[PDB]
Every structure is written in structure tokens, then in C-alpha cells.
Amino acid sequence: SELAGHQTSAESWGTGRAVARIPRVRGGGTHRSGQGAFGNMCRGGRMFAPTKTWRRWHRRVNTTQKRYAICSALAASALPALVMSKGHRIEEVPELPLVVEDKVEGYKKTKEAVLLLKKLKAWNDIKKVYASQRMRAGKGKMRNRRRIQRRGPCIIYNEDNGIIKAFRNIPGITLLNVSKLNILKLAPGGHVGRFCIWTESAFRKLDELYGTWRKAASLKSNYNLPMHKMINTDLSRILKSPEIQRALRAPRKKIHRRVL
Amino acid sequence: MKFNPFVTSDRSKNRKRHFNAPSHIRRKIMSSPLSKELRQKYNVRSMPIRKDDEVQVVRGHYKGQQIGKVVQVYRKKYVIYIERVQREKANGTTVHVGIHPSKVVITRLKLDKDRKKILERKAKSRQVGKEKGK
Amino acid sequence: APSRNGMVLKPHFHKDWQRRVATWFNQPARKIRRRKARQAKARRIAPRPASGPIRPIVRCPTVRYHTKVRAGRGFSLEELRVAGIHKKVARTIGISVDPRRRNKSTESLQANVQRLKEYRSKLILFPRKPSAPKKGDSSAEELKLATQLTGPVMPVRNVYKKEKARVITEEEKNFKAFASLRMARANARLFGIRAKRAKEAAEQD
RNA sequence: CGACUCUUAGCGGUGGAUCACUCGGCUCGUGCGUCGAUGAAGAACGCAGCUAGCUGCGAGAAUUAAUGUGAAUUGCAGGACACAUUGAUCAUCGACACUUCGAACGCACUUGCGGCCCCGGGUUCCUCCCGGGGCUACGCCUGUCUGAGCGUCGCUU
RNA sequence: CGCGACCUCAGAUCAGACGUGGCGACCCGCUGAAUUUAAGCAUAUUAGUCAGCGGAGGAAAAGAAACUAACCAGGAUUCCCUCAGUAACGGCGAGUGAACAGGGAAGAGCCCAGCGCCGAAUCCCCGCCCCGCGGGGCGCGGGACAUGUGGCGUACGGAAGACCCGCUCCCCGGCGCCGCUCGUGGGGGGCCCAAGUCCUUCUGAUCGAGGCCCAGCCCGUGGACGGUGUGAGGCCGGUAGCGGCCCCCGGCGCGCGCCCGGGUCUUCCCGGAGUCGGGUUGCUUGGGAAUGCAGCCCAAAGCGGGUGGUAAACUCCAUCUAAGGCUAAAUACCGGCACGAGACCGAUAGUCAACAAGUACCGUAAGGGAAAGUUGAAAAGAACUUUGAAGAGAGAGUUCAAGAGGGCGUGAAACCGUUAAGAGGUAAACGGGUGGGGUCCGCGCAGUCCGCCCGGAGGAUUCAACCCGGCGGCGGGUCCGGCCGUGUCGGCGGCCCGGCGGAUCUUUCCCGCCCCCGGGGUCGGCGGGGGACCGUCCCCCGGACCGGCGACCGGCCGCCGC
RNA sequence: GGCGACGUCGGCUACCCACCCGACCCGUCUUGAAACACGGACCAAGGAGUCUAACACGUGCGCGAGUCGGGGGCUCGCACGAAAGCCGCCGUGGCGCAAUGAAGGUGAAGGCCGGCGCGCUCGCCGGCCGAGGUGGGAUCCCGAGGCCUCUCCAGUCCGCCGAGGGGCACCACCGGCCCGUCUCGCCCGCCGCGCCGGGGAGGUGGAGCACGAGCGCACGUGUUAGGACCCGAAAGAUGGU
RNA sequence: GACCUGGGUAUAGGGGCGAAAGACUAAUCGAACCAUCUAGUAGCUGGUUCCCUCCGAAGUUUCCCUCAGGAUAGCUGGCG
RNA sequence: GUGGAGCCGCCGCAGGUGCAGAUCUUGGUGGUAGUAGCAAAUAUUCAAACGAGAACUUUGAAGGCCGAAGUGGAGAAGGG
Ligand SMILES: [Mg+2]
Ligand SMILES: [Mg+2]
Ligand SMILES: [Mg+2]
Ligand SMILES: [Mg+2]
Ligand SMILES: [Mg+2]
Ligand SMILES: [Mg+2]
Ligand SMILES: [Mg+2]
Ligand SMILES: [Mg+2]
Numbered sequence: 055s056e057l058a059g060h061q062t063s064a065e066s067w068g069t070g071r072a073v074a075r076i077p078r079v080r081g082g083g084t085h086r087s088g089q090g091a092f093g094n095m096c097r098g099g100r101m102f103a104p105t106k107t108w109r110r111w112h113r114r115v116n117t118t119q120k121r122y123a124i125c126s127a128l129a130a131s132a133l134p135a136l137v138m139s140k141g142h143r144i145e146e147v148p149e150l151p152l153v154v155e156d157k158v159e160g161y162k163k164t165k166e167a168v169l170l171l172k173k174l175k176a177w178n179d180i181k182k183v184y185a186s187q188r189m190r191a192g193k194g195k196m197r198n199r200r201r202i203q204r205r206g207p208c209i210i211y212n213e214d215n216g217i218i219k220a221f222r223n224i225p226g227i228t229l230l231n232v233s234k235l236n237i238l239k240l241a242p243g244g245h246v247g248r249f250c251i252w253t254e255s256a257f258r259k260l261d262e263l264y265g266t267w268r269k270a271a272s273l274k275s276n277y278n279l280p281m282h283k284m285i286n287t288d289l290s291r292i293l294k295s296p297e298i299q300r301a302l303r304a305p306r307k308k309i310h311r312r313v314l
Numbered sequence: 001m002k003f004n005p006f007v008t009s010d011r012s013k014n015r016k017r018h019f020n021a022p023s024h025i026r027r028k029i030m031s032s033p034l035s036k037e038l039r040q041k042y043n044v045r046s047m048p049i050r051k052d053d054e055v056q057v058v059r060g061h062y063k064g065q066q067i068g069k070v071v072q073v074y075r076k077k078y079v080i081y082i083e084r085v086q087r088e089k090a091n092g093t094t095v096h097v098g099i100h101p102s103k104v105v106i107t108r109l110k111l112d113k114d115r116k117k118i119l120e121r122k123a124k125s126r127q128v129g130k131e132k133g134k
Numbered sequence: 002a003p004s005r006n007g008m009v010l011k012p013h014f015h016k017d018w019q020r021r022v023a024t025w026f027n028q029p030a031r032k033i034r035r036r037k038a039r040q041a042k043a044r045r046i047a048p049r050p051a052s053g054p055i056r057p058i059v060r061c062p063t064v065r066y067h068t069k070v071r072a073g074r075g076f077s078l079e080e081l082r083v084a085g086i087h088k089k090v091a092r093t094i095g096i097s098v099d100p101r102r103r104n105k106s107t108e109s110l111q112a113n114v115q116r117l118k119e120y121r122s123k124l125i126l127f128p129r130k131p132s133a134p135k136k137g138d139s140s141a142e143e144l145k146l147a148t149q150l151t152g153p154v155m156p157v158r159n160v161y162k163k164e165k166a167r168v169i170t171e172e173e174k175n176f177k178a179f180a181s182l183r184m185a186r187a188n189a190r191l192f193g194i195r196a197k198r199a200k201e202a203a204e205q206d
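Protein chains in written order, with PDB author numbering: chain C, 55 to 314; chain Z, 1 to 134; chain M, 2 to 206.
These are computed hints drawn from the structure, not numbers from a lab. Just so it is clear, CB atoms sit at the ideal spot from N, CA and C, and this is done for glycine as well. Hints are not guaranteed to be accurate.
Over 10 Å on every C-beta distance to chain Z, these chain C residues come out as not near it, computed from the model [claimed, not checked]:
#1 174
#2 237
#3 258
#4 309
So the derived label-pair ranges between C-beta atoms look like this [said to hold, decoys possible]:
#5 C:106 to Z:81: 51 to 61 Å
#6 C:83 to M:22: 36 to 46 Å
#7 C:236 to Z:6: 21 to 31 Å
#8 Z:123 to C:106: 51 to 61 Å
#9 Z:65 to C:134: 50 to 60 Å
#10 M:105 to C:236: 53 to 63 Å
#11 M:150 to C:293: 51 to 61 Å
#12 Z:120 to C:225: 33 to 43 Å
#13 Z:124 to M:22: 55 to 65 Å
#14 M:30 to C:231: 21 to 31 Å
#15 M:139 to C:119: 53 to 63 Å
The whole structure should be built from the sequences, with the hints applied where relevant.
Given below as C-alpha cells:
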């Protein structure tokens, strides 16, 4: 609220005169001559607590949590239950960490791009992005963002040889580098499990970029991969294990309803 | 996608440059497509329409196989008037109902000395697009 | 206005501070304005090294920092005098000069003379047209690269010694103790008083 | 019976809420960072075929030339359509011109009163004779010309 | 008495220059409050801020130590992070409040008076020319300036001269043109992909459907906006080290112009005053027995002076050289000229102002200062008939729509008009409980049950069981072929044609040096490289378990569709 | 089990009307409001606990005796990208890991065993170790005995188990150690024998130690400073007409 | 007539001017008007916007230029 | 039913986040109410004309007023 809505000469009328004690504008003649001036009640007044440009707009995340979030965004992009429950049609597709060879990084024409997605059976996800060519609901249309669109698959690489140009005209796609990833791209909406197409030299660099649990990352100086609270997670197997059900009592499966 | 950081993308400002256009920019945005026959004889896609081109209307209330020349080009209202498509008033007087030149297909150009060079400039630049394909 | 167990505090906001406010919204914009002022300064000059001249080995002042080694300002004419180069020639050789600097130690003097001659032995000059005084053939076969990065001779390289392993002998496990700290500290302040009582027995006759 | 009153509902009126729209603000940022005595900012007055405002201009007045552009401007008229002249319109603008006040500059600010110099005609003109042109503010620097001093001194008488 | 020289000054519409005034977001110099806080109020705080005044510039100011420090010492200024809400100030209350190290951003240094030297070696103006474009000169000749001191070489980091010693011929601009320009230099104009295909809905389509096994077409172009409605392809555009055009810039190479530096020794030279400093009084500061500044008074020295954060005396040490000047960058920018963007506002909002807004209007004035967006896709803005003096109607007419008729999208409420229904002496309205009437909905109207199993009455088709053909899955097994997990090693294998890590070792390795008598001593090391050892990760044979959601083949069992 | 067709059956709402009973007009300060207390004719829209800084505690997350890039730097010229990514001889620095005193400064390990000096109210050498002791203390461990279709022989298991044991966090208590001061005292040391250093034993003062829990981010509540939930004076000051 | 009036002129805010009433100074005067500092301060008034569930007060202690207000203890809730 | 071009659900994120009052602000409309009022300075009447239309216009006749310090005839200031 630029300077202020306080560029008006106004005093309170003060005394009796049977008006409220809000300040009135001065002078006569014009309409705006005895009307309520500044203060958050008046036509033309100043808003309550006018917003300031020194609001704390930006947030910090410490880097071990940024790296934590990006390891959990990659492990969910391989589980087929989580990637399909975000909506990506991956019914016809083969093996979930899709890896095409490093020849695909040197395509320089989008006709080669589209038949790639057709022969990888991922074109029926792009065809789902064409179904979502909606326009925005609300007043965001006149703030120059009009067209809503689904996020589709993302293609991840290293050593660009024209891949950034071949795919970028296809709508709803994302291309990010394996050296500099982005949690805002790997998990749009904050929900995990975006469908991704890897390339070999990108898919192999992950071993030396986050490390296994034996050796640390070499391209990250003091980072290893986060340990687990749970080793075994299928408690339909822990609770049916012979060690557990030897020690349990017996199930108590009467009801004993209220007696009249 | 737009990549140039020196050209706009906002709704308020392309409209403002549309309706407040200079009158020589305004003949460029009132361009009309050539016919399928006549874009093959000249290998050029579209042209700015002038006063005496033969033309048919391809969409609207008045459309369909109606070759007939334009007679008046209102640039102020972005409207060409064509010598046959008309409308009787309440008075009994007949006037020209006006249409937008993107809803319109040129079927015979009017060549002068200058509309030769406007065609040859737009044609010679189209082999250069084909010469990029190596 | 105060309450239960809390902090007594002095916010310095008793002055009209909303006019004198500073927001860092142009700070990414100025980071890419001084990268482009480094890139268009690197390519503008030469194959001369980026980030400027050679800086000396310099030790910090003030007890807290006197165990570290810092990059300095110039080369302290005495060090230019021993190395053999002239004071007005030196700053187009790529060598920074600080004439107001003093050398009163010898080891830190000889360190930077060793540094300055090591620079001259890794430098190739270009004659304008190939006359080449103090200089010979093809320019070290085109000088193996173009331009260096953030320090020509790695200006800090703060190094520590080995001091591998010793044997706990006699006269070393037995003497240099806390009593040596307390007695040396006491004689530092009882020096002027004891030298006053000695005068009083010197005027005793 | 009718009328009045009251509450609902339909329709109609009054009024302009809501919703949808947006050639406008607002914030942030980038790039440059440029007035004036060679008359600025600002003000007044005037300018169009019909034209009050706004906008644009200065007696060359809703714009001239030039370049670029290539058939319009348009509320109605009128006019040259001429473009292998020069070519409408629009933009750019590097050429020209730019009334009166204003630091405002002959002096005053009362469209008041001059002074010299020159030019076209009237006394073929000095001594205050029509129109037109030029010049006439203050402070100050360098140089010039004029010359003041019982200032300092010389050569003299 | 006259004339001359100079020195102090006058005059001029003298020849030629300059300055004034505006803007003022940021910057510099001054000046300067009070509200407020202290729960009162004087000091303090607000605040050295607002208002006031004066100067600029695209930046300004500051800036090469009369500095910090107190130890192994740093080294102009400015900005940033820390120092630090710290030292300190304070009715020691409320409150206020720096710096030095350290890490960065950026980095650049110089000139003068003096003291000496050079025959004033210097500068300005006028006149004609060398010879010139777009005009400034080095050349020539006259008038001045100036010895009361122009110029050269010199600046405290020392300097000069004379020696002696070993080198070396340079730099600068101007002219013409060629060759580039890292986002691929700038400005300007005009150009560059692909459906308007078939069916269909509509007032009108940009809708909806469709294009063979080549995915209908283009895509380095699926930003945006305008088009009778939601458009990659109809149209501007956007993409692309797209192309061509016009003008302009920073830098190679012919002619001018300028041109002896360094080292060692010897001698000589070597510095800014009514300023420092002191007293006192004001203001200011965190600066406290006075941080800074200023007035008045007193007023220096030259192994001197300043500073060393508790007044003073004595003493030692450290450090700098003041009272003259210039200087880029990093930094600032709510004005200006252009731009670009937004988790911003959506016409009582957002600028006071989306509109003929700083406008109409108000006030003698300084000044105050509004309200006011929307027909339609296209005016196609209702010709004509008829009543009336006309406003105003009734027909007709346009249009998808006048239920869009010129402040016309949508058209709420309050309030009013009428119609329809009901009611009415304890003002009305309300809560609870029923009743009556009405609007309407659902069933459909003495016509309502639905599927399961079985035996009835016929009707019509074909599988099941069974077995064979067949591909496919489920489960268990030798884990047989392939398999990885974890301790145990070994081949020290790959260590020299293996990765990294170690404040492990090696004074016999390899490079430039210190400690003593041309040589040498491990004679103790220095700066660096090398190669052993340890810690962890890369294969091969054996061995250990499980063959774990890591699996294929064989056989087995029982399903499954054909 | 029974009853009923083209006008009847069921149904209720912001429909209307009637009756019987109940029922004063809201907001608001206040011991007390239907008040002869104040504000309110009606309708529409606008309209009041925000944001920044600091601190406190609670909670969520990451790492953990460490933690944190916030300021810079690097990465083709990229819409989104003012994002994200990385550095580590960029960790300087911040907070934490140590306290205490005005300061000079000083600065947190004990118990046992075996012996010896007058085993002298005092201590010394060597080993073993190692955060002392008491009372409570979840959990865990041991556990005689106890519980099964015929009797004597053996196995896993489970439930019951008096009692006993090692005892978490934590509380109370006792002892110990470090610093400041006090009292009483004797002994040792030497880059130099002194208006020198160090030690002892008792008592008190400290925001201490006694095997570390912090840091960064986010959210919530609270308090404060700012216009500070909104509106409100009588004033004071500066500059002008 | 110490008369009444026009126009010109002078005096400007802690100032003016007053045969004096604190009169007048542009409908404003026991200190004008205009803009700003300024959204000045208020222990004092008035207002403070959705629903349901669960728990549920106090007007007392001590100190204060304290008595229309706060700090403090009590009573309360939430987290454990 | 009107209307004519956009909109909503779920999972997270963010607020200029929900009104009955503030002698609230702005705009609108009621009851009062077809009411109060259209009452200072003596006064109008007849015919005709023009007109869709005459208590009010013009014309004519009458009766009256201002009564020369005017309700007359000219200016200054101010208006434009
Ligand atoms: Mg909405
Ligand atoms: Mg915009
Ligand atoms: Mg309105
Ligand atoms: Mg022209
Ligand atoms: Mg004249
Ligand atoms: Mg300027
Ligand atoms: Mg009440
Ligand atoms: Mg005052």
C-alpha cells in the first residue's frame, strides 16, 4: 500500500455537532469535503496494517533436509503404486526406472522425440496432458497466467547434446539435470512420485552422487545416504512370523453385549 | 515458449499495443491468407489486404463461394468492406456490414510495383528457411 | 508491561526506523551483475591472470590470529630489492607493491623473496613484436592453459609441520612446568619494583 | 358488500448490490542516467473546412522538410490517384522554424516610455519626421583603449 | 611647469568568454525543533532526525596514514558478514551505543610549494600562411603575461650531481583500410513452420467427433494476444550463432610527434604557522580528568612534532610525518527516460485520478479537491402507420435476445404499485403443541414386493463330468544352470599399466638452501616431489548360510481360458 | 388379519390463518438493565488483534559434541531460473562444548589394595581400576515351589511363583572436586633464593563439576518495541498566507 | 463635530492594533488561518465479524505520587 | 425460473479471512406527509389579440402606487 492512504488533510470535528469523531476532510465545494478520511472504515481510507515489503518472504531449509527430501522423491518414483496413484498412466510401460541409452541425449528434432515416447509407451501420459488444457478458475487469468495444465513425465540427463531442444516443445514435460536436481520438479504439489525417464549416464551418476550405505558420495563432500528406522516394513510378515505368534495370548472374540 | 526477455507476454499490454497501434503497424495486423491456388503460384502464406483485392469470406453469417472485391479498409475499426456483402437498414437504405480480414481468403491480388517486391521479399526468405535443413 | 520469568530486553526501535529500511531484493540481481563484471573483465584484459596480481605471505596481528597466514597487500620494497626487480617495473610484471610495509623479521622476509622468485620462474612475457629480452622462444608452447583461478600461487597454503614422535627423556619430563609460568609471570611485574629497591641500597653508602 | 391494515407469492417500478469483464494502479527488478542565457521548467494566448474539452502544435501554428514505409484519413464533406514522377497515410526524426511572459535582459511593467546604428521610401539630412532590421540586464575573467592620484620615483624647468 | 616609468584604482553597449534559473529519489555543507518516551518532569530520549537554507553529479563523498596495533605484527578509501546489542555513555534510570583484528566485494596510484639546477629553456592573444576534411595545431611574425618566478627534471617509498660498472634503442596519438566483436557490439526498419480439411452443434465458431500398420500436419516454433465462444496451425507474433538492409562504436598496418634507462660507491640536499599546542566557554560523541568541532585569549619547536583510549611528572620503546592537491572500481538511487515481471488490487478496491483528474468546484489567499468503467457479434440506434400541441404511447421492424432502446451486461435489498390468497377491537412479531386451508411434490390410484434355492407344466440350445490338444498363471523342491547378501580370508592380487583417506613411517631416495674446515661432514634441517605402512572400496579360486518382493529352464501338484 | 380408483392417498417446508400455554428490546458498561441509563429509522457494500525485530516455553523435523552458509564464490546465454544445485585450505564467524573473581587471574576424579615415616588429629611409593555412597525406583534376571488321560523313568514349552538379585530416568540425602573470600597452620620448589612461586585443613559465597545435548529450520501460545486491535482529544513545534 | 464616509497607504500571530470590552485581526481569537512533523499521547469512552464439543473463574494478599491503573501471590486452562 | 462465459471437488500452501451495533464510512430509500409551508413593504378589473392551452404574455380602457433624500434618469467599484 504504496506510501500510505494518508495524503489527505483532515481533522476530527471533535466537539458536538452530532457526527462521529472520525476525521473529516477539509474545505467545501466538492463532494469530498466533509467525509470520513483516513482510517480503516472510510471510502478512500487507509487499510488496516498496510502490507510492507519487508515481510519475511523467503524461508531457509538446512541442506541436509534438502538432500533428505530429494532422496525420498527418487525412491518413490520407482515404486509403481506411488507413481500411478499420482495419476501418470504407466500401465503399458516397462520397468519403472525407465532407462534409455545415452544416444537419446543427442536428438535435435521433436519428431524423434515423439516417436521415442510412443515406442516407450509413455505417449499415453502426454495424451493425458492434452486432456488438461483448461483455463484458470478465478481472477488469476488477468494476472497473466490463464491456462492450467497437468505436469507429465520428466526426462533427466547429463551432458546435453540437444535433448533440451528436442523435448521442450512437447507440452507438460520437464527436463532437469542429474547434477543439479530440484525437489520442486521431482514432487510437484508436495506429493511424491513423479514419473521420470532416466538416461544411462544420468542413471549411473546417482551411485556417485548420493552414495550407498557403504561408501559416501564422492561428488558431495560430506554426505551419505540416510539410515532407516525400519529394516523390515511388511508387518503382514512380522505379525505372521513364528517368533511373534508363539508369544501371543489368544484372541478374545466374544462380544458380551449389555444384559437386560 | 517465449524466450526473449525484451518482448511481453501479458494480457493488458498486448491488448494496449493492439488497439493503440500506429496506422502502418495496423496494416500488418490486418493481414489475410492467400488461397490454396494462389499460395502455390507465389509460395507465400499470407498478405496484408489492400483496397482492390478480390476476396471471399470463409466464416461468418455471409460465407461460401462469394468472390467479390473489397471496397474500403477501415483500419480504425480493423474492418474491410466488400462490395457485395451488404445489409438493409431500417430505413430501407443499404449499407456494408464489415468483417475482419482473418475471416477472409484472398483469391486474386492487385499487383502494383510495390506489391511485387513485398511478394518477392516474403518468398525469397522462405528458401532460406528450407536452406537451414542440412 | 513485564510478566513472569523472562528476559529484560532493549529493542532499539525507539527511532523512526521504517524510513531507513534496507531490503535485499536486488541481491541476486547484483550477484549476476558482478559475475558479468568479472567475466567481461576476464575476457577484456588478456591471458593475464584473473583476480589480479600476486599477493604476499602475511601473518595476522593480535594474539588471537597470529598463528595463521593471510594474503597481504603488496611486496614491501626491501623484498623487491633483494629479488632484484625495480619498484616501478614490478606492477606491470603482475606484482603488487605496498611501500609502507615493514620487514623486521628475517624468516618472513625470506619467505616472500622465495615466493617472488618462484613467481618469476613460472611467468612468461610477450614481446610486442618478437624482440624478447630476458626471454626466448615460443611462449612456453602457448602457456599450457589461458587464465588462472582465484590466486596465482594459491595465496594461503597455511602449512603445519610433521614433528613425528619423540622419547620422553629426562630434563623434559621434569622441569618446564606450571611453576615456570607462575614465576615468570610474577617476575614480569616485580621487575620494576625490585630494580627500585636496588637503587635504594645503591644510595645507601 | 366495499375500504383500510397486516403477512406471503406472482408481475411491475425505484435503486445499483453481486457476479463476469479490464487500454488502470501498485510492488519488485533491470538498463541508461539527458535541462538552461545558443533563452529552460512553468504560465498565458493562439492555431482545424465544419472543433468546446482533451491531446498535438506556434503566425510555416491539429504541423514543413528528410528518411523509412507503401494506399489511405474517416463524424460528414471536399480534393489531388497521381506511385516505370515526387508516394496517400503512418512512424522515425539528423534538416528548418519556434508568438507572449518567465533566470527574463533598454527602463518600467501601466501592450507604458525610450536611446543610438542601419535600411526602403517623405523635408533627397543635421536640430527628436512612417515602416522594417540590429543593439542596449547584472556580476565577472583575460586582453584592449581612455586617465585619475599633495602614491613611489626619474629626466627636467 | 611639462613629460616618462611603474604602483594603486576607475570607466566602456570595448574584442572574447563565463555565472544566474529549474529538478532535487540518491549525495555534500550548514541550521535545527516539538509531539513522544521516562507511567508526572527539567538532564536524557525523540534526534543531530522533520521542517528551513545552500551546492552538485550520474553517482556523490571519502581516498594513498601526523593509521591500527603491542606480536612471529599488519598497511589508502568505500561496501558487505561478523565483532555486538559488546566496550562504553546514562536522574548509571528509561534508554543509547562505536571501533580494531578476522572473512569477503573491489582493487591504483600519484602530483606540488619548498630546497638546488638549467641565459624564462614557459604561457596567452593577434596577423598571414605548410595544409586539410567534420577544426584543432607543433611551423613564421608581432602584442602582452611573467624574475614579487612560467617551464623541465624532483616528493620523504628519499632525491640530485659526479664517478665507475654492465644494457638498450622507445612510446604516443592522428590517417586509410583490412581481420575480428563470447552471448556471439549497439540502434533502426521490413521478412521467414504447419488444416481454415470431413461430419456436426450454433446468432456466430476457436465446440464435439474423425484422419490406415506411421500414428492427419508443423514443432530449436504447444508464449501471448487480436479474431461473432474456449485456436499449435486463419492472423500478428513467438523459435532459431534465421537471412538480407541502413547507420554507428572499441581495438592490426603507410605518414606526423616524441626518446638513455639500471646498478654500486662518493659528496651535497631534504619539506607546508595565527598552524600545532595550552587555557576557557559552547555544541556534539559510546569516548568516559574533555571523541570531534567552533569562538575568544595565549601562542611554538626543530634528535622536532603528533599518537600510544585515567589527569600529572620522570624514563624507555613503538609508530607516523600534520597545518597543500588529484584519483577509477566495488556502494546509493520512493525523481527522470525506457523496459520486464508478479501466490498483488479488481471500479466504496488499486494512485487523489482505468473516464475531457490535479479536472469541475470551494477559499481573498496559502491551499483543499471530487464524483464519473460495461448496449450489441455487427448500429443492424426502431423507417413506416396511427393518437396527441408535444413529451409520451399503440402497432410494425432489427436482433439469438429490446426480457440489450443511447449511464442501455447481470439487475439483489430497503421502499412502492397492482394481482391472487388468507386474516384483522387487547400494537406487531416470536417459542412450543396441534388443527384447518393453500402451493407443490411423490406414489397411482380396494393394482403392487424383490431377487435365492427346490419340486411342478411344457419350450428352446449347448457345455459340464470324463479325457486328449493348448498356451498361461499358483504353490512347494535339488538351488541343478544363472544369483546377490554378510562376517572369514587368501591370491599384496589390480598396489609399478588402483581409487581415496591419515597431525602413520622413512634424517640412506630426487630436486633450490641454512649449520664448519675449491671440495666435504647426515652435520641438524628447510620448500617440494617420490614409496612403504594403516584405514576404508574394485576382481579371481575355495568356503559359510539363505536363495530373502532378485529370477528364467526342467520335472511335480492342483487351477485356468482356448 | 382387515379396510380404500380418477379425486383421491401420503408429505413437509422462511406459505397463510386460527387457537391453548409460554413469552418485556437488542448491544452495552455494571453488585444490579424491560428500564424514566446510553447507542440503534431502514437496506446494501466497506469495516477492527496485522507485520517486522527480540526473547521465552511447548511441539514437529534434520544432523548430533558438534551444528549452521545466512555473506560471498562456481556452473552455455536460457521461459518457469530473483528458483534449484555445489564449495570445506569458503566454517571466518555465531551459538554450544566450563566455570568463577571488581580485577590481577585461576580453572572442575576418586576409591581400594600392600607397605612405610612418632601407620604422628598428617601423610608417602606401587598396583588395581574408576564418576562415590544411602534410601525409593518402571523394566529385566534368577527362582524353591505350583499347574497336565493309569503308575517309576525324559524332553521343549507356557501360566502361577514366596523370595532374592543387578538396578533406568528421576527425587531426597550424604560425601567429593573447581573459582571468590575467611580462619588456622606447616611444608616444598628454583631461568635465580624474594615485601618469590606452589601446597594444606576447616567454614562460607557462585547463574559450577560430578561421562556431554546442543545447533539449525518450522509452527503455536505469551510478553515487549514499533501507528501496534480500530476510532477519539484540550495541546506542542516548524514553515508559510 | 473628539463628526460621517470612499479610494490609496502602513502595521502580521506570543505579533499587530486598541477613548480598554481580553475588544478586533476575512461568519474563526484568553494566541488566527493553511500545510506538515502526525496514524502526536490517552491508567479514559465506544466497537471488536462462523459453528459445535470439553474444562472453568475472580473482585482477596503485599508493594507502588498507589485509590478508574499496574507488578505480586491465589483462583484457571492447556501440555505433559 | 432468469442470465450469457466461465467454474468447481479432493490433497497440501498462503491471507487485506465470516459483521447487527462503533452519535461507524459511503451510497440508497422510508415513516413523518401530500403535512409545515408558498402571509414585510395598500390593488387590481374588463375586453381584444396571439396562441393546443391565458388569474400571470402583449395591447387598450379603468382604478391605484412610487411622489423629485423616487419604485425616476446617469455613473464609480464589482460582474463579464
Ligand atoms: Mg468468484
Ligand atoms: Mg504489466
Ligand atoms: Mg457506484
Ligand atoms: Mg512530412
Ligand atoms: Mg528596431
Ligand atoms: Mg547532469
Ligand atoms: Mg440489556
Ligand atoms: Mg510553537
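Subject >> Status of the given 53 to 63 Å range, CB of residue 119 (chain C) versus CB of residue 139 (chain M) >> reply: 55 Å, holds
Original post:
Does the Cβ pair residue 120 (chain Z), residue 225 (chain C) satisfy 33 to 43 Å?
Top reply: 37 Å, holds
Original post:
Quick one: are residue 123 (chain Z) and residue 106 (chain C) within 51 to 61 Å, going by C-beta?
Top reply: At 59 Å between Cβs, range holds.
Original post:
Regarding residue 30 (chain M) and residue 231 (chain C), is the given constraint of 21 to 31 Å on their beta-carbon distance met?
Top reply: Holds, at about 24 Å.
Original post:
Is the nearest Cβ of chain Z still more than 10 Å from the Cβ of residue 237 (chain C)?
Top reply: At about 23 Å from chain Z, residue 237 (chain C) clears the 10 Å cut-off, so the statement holds.
Original post:
Is the gap between the beta carbons of residue 150 (chain M) and residue 293 (chain C) within 51 to 61 Å?
Top reply: Holds: the Cβ-Cβ distance is about 60 Å, inside 51 to 61 Å.
Subject >> Range agreement (Cβ of residue 81 (chain Z) with Cβ of residue 106 (chain C), hint 51 to 61 Å) >> reply: Holds, at about 56 Å.
Original post:
Looking at residue 309 (chain C) again, its CB stays over 10 Å from all of chain Z?
Top reply: 66 Å, holds
Original post:
Falls inside 53 to 63 Å, the C-beta gap from residue 105 (chain M) to residue 236 (chain C)?
Top reply: Since the Cβ atoms of residue 105 (chain M) and residue 236 (chain C) sit about 56 Å apart, the hinted range of 53 to 63 Å holds.
Subject >> Hint check for residue 6 (chain Z) and residue 236 (chain C) - Cβ pair distance inside 21 to 31 Å >> reply: Holds, at about 27 Å.
Original post:
Far enough from chain Z: is every CB of that chain over 10 Å from the CB of residue 174 (chain C)?
Top reply: Correct as stated: the minimum Cβ-Cβ distance to chain Z is 24 Å, above 10 Å.
Subject >> Outcome of range test on Cβ distance (residue 83 (chain C), residue 22 (chain M); 36 to 46 Å) >> reply: Roughly 39 Å apart at Cβ, these two residues keep to the hinted range, so it holds.
Checked against the numbered hints given earlier, this structure breaks none of them.
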